[PDB]
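One chain follows as structure tokens, the form solved without its partner chain.
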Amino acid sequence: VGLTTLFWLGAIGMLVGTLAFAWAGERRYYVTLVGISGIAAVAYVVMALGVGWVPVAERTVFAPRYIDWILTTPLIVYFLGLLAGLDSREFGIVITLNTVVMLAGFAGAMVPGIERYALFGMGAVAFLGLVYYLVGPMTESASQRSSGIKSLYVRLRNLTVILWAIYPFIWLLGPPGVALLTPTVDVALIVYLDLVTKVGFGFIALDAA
């Protein structure tokens, strides 16, 4: 099982999700889910073709992964913000916090020296602030909606919080960090997480609709 095989698997999974969401497509929600998995599909194909594998010191960094995350994770937060009924100002805070996490990870991965752990730490701090907004203010806000919408928000929120919290550990234990986990295992774990936090996320929304 090679890296390219794992990338192709993620590509196929994202593509199936993309077509499923487009078919089922309230247009805003369905269009967002197409963007979430559609962008990831492209990133995985590019990586499957061997494009964007950047050598850094003694590790290999996958640049398309971080461009993907920077564009798709704010769309996931946007989806959750619509469910919770955020005003346009609360959106700005959480999307700003999200972008800090994603940019810090991208920069830390691309830096060869130990300064990269300083960048990782900053993303960790901003992530804790993002979790606070999901579990607190956004949950208060979602409470004002129908019982079914509130229930859907809580289920997507917990899926999001629990799984997103695993990524920094995979990053740190993998090549970008202490380089303990091997690239193949590290990639396999992230392909699984990407698929669940995007396509699984999406199908839980379809089921409730």
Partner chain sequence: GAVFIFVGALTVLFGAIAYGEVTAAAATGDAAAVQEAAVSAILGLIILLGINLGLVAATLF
The other form holds:
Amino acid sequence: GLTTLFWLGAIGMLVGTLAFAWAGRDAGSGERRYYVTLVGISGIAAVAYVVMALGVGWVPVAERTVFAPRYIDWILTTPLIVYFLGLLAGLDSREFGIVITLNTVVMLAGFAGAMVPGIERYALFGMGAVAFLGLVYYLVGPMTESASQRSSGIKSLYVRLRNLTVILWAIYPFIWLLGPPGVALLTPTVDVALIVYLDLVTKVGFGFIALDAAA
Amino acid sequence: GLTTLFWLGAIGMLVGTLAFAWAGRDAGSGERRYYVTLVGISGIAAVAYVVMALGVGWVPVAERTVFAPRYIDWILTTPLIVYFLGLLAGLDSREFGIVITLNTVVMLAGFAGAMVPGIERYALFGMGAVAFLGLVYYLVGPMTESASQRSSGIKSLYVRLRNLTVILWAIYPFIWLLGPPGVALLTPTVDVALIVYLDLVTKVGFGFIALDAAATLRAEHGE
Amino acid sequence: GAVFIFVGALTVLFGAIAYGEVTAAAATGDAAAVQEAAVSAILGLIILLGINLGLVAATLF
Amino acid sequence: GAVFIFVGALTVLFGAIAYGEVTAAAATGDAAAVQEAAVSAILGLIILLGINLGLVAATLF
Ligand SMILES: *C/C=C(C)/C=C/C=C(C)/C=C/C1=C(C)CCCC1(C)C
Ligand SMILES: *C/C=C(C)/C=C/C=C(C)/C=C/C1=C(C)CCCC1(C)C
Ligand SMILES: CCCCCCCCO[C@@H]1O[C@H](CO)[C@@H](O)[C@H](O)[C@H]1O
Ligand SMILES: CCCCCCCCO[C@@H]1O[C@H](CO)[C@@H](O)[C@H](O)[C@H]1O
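Next block, the form solved in complex with its partner chain, ref. the form solved without its partner chain:
The next block holds the full complex; its first chain is the one shown before.
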């Protein structure tokens, strides 16, 4: 059941949101931004899953269904994840602009590709895939070097979140390729189930790791 | 193909056997029987797989098929693995007899259960399963204590091999229960593939771990 | 330590979801429909094993 | 490092084996045969995860 999986995603995101909200209730000036960001990451994702669970934003596109709020979710929450990582790394405005731009290209491409029939969707996929490699470069290169210049505590938390992020984000394009937007070997239910799992780990799992480290 | 999977098993075991034989060619007095044991473990397994790949020993039981050389392999090689662990742990004859006995009950039980129809096969399964728990207790309890009376290198290697053994062997009875001898939800092919993978890790992987630690053990007492 | 239980439990859950599609397809009596559901299940599980291994590698290392 | 490559690659190999049985069953036309190959494939892949995770736990901890 699609709507059931969507509901489960909503519940998971909600519990995450509340947990993060509660954890940062007494946060100082140096931690507040991080908690607020976590709340936003899981909170927006919660809205998207509820909307999909109510059957809204399901778009028919050439013998496949495209879940619009999923991509809108991605477009809005992933740069917040990058922002969180960027705060740890100690980036400035220019550097932030670079990684958010690359991230935005990834999400827009996947969305545009999902709604385009024929071989063009793979061209759009390619745009996203290349921009993603660019993003990965910054995370494991310059941003890692920038994070290294801070205290070992911050550096360790950065690396831990970086690794979770790079490893698991890299799985998304394979689901896209094998799922409905691509060769359609994965049924919509399997595609949705896998994405619910990944979303929860890359946002909620991400958050609890950060909460543990701040402790 | 079943025979293809059996050939892969045979080739894997053979490579392991030769590597273990080669590695031990210069072994000192104190190391020699460890290499010889490894050669025996993967060598017998190699024979069992070649025999099965040649289509020999495929025993029709009701409508399922039981690969006799597999269980014979098990009955003969698993006590040699236990023996290897026992040498590391430094067991005496009494302690060896206990763990070899338990191991044998496990393998006899599984073979007999595979040959029997109906509720009885689970009774035979239960015998092996309980015996296996007894064996695990010895491996993780008394034998671990025994290994702690030796050098840190030996205890280290013992723990590594013990953990590999306990974790992976525990997977075998689930494959039995879900496969042909049990409720038959795994096809023969899938059953065979999983066991080939397990057999290779528990013998050949087991052996290469021991091989990788040999130099450290040698440097530990002056060499 | 606790990641394994989590990973193991989610896998049987996803397995149950996969088996659900397969049997639903089987109830149709259409062999090709079952094939479609089956390859989806197979590829889904391969990917799932990737997520779990990736989660293990990111959390325990 | 080396283990995750080994474990990953073996997962695709077993996947190919599972897919092979599924398509072989689908070539009979019997939907029940396909379902039969599919559950074997699903359960097999789950057991494979246990082996992989077990191997990882054994040799990297
Ligand atoms: C919480 C939701 C998250 C972390 C979603 C992450 C999604 C991606 C990393 C998607 C990447 C894609 C490519 C790299 C290629 C084009 C297809 C995309 C958009 C799926
Ligand atoms: C190299 C081949 C090896 C290490 C085979 C090991 C086989 C076992 C540990 C089998 C255990 C079983 C039970 C515990 C229950 C009854 C079914 C058995 C015999 C499969
Ligand atoms: C749950 C999320 C908690 C992660 C917050 C980690 C931030 C701790 O890092 C802090 O950053 C502050 C902001 O500039 C600075 O005052 C200090 O450099 C540092 O103490
Ligand atoms: C194949 C890997 C080789 C492992 C060799 C481990 C043996 C190291 O230890 C050996 O134990 C012997 C008792 O068995 C004693 O003779 C000596 O203490 C020592 O040589």
